[PDB]
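Trainee: One-letter residues, chain by chain:
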Amino acid sequence: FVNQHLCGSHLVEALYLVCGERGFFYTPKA
Amino acid sequence: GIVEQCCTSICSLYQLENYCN
Ligand SMILES: Cc1cccc(O)c1
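Protein sequences appear in the order of chains B and U.
With this note's numbering as the guide, the letters of the first sequence map in order to residues 12 to 41.
With this note's numbering as the guide, the letters of the second sequence map in order to residues 123 to 143.
The following block holds chain B by itself, in its conformation from the complex:
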């Protein structure tokens, strides 16, 4: 499950650029 692991690394990075000054919370679930 290195695959989801690889994928959330790129997702938090897209989130960092999309949320900007607002932030985001990163839940690997829900």
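Since the hints were made in silico from the structure, they are not lab data.
C-beta atoms are modelled at their ideal positions from N, C-alpha and C, and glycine is treated no differently.
Check the hints yourself; a few may be wrong.
[Claimed, not checked] Simulated DEER-style distance windows between Cβ atoms:
# : chain 1 : residue 1 : chain 2 : residue 2 : range
1 : U       : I132      : B       : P39       : 25 to 31 Å
2 : B       : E32       : U       : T130      : 25 to 31 Å
3 : U       : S131      : B       : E32       : 15 to 21 Å
[What the hints assert, rightly or not] Stretch by stretch, here's where chain U covers chain B in the computed footprint (C-beta under 8 Å, at least three residues):
# : stretch
4 : 13-19
5 : 22-30
6 : 35-41
Start from chain B and add chain U with the ligand according to the hints.
Mentor: Chain U with the ligand alone, transformed into the frame defined by chain B:
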């Protein structure tokens, strides 16, 4: 489900804005 939503199929910047604060 961020993962299930975005790791199984590609997410657009626009769906991505929803996990912002
Ligand atoms: C922008 C981005 C990063 C990683 C996975 C995706 O579905 C979308």
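Trainee: Now tell me, hint by hint, if it's right for this structure.
Mentor: Checked hints:
1. U/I132 x B/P39: 25 to 31 Å: violated, 18 Å
2. B/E32 x U/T130: 25 to 31 Å: Once the Cβ atoms are compared, 30 Å apart, the range 25 to 31 Å for U/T130 and B/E32 holds.
3. U/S131 x B/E32: 15 to 21 Å: violated, 29 Å
4. 13-19: holds (count 4)
5. 22-30: holds (count 5)
6. 35-41: holds (count 7)
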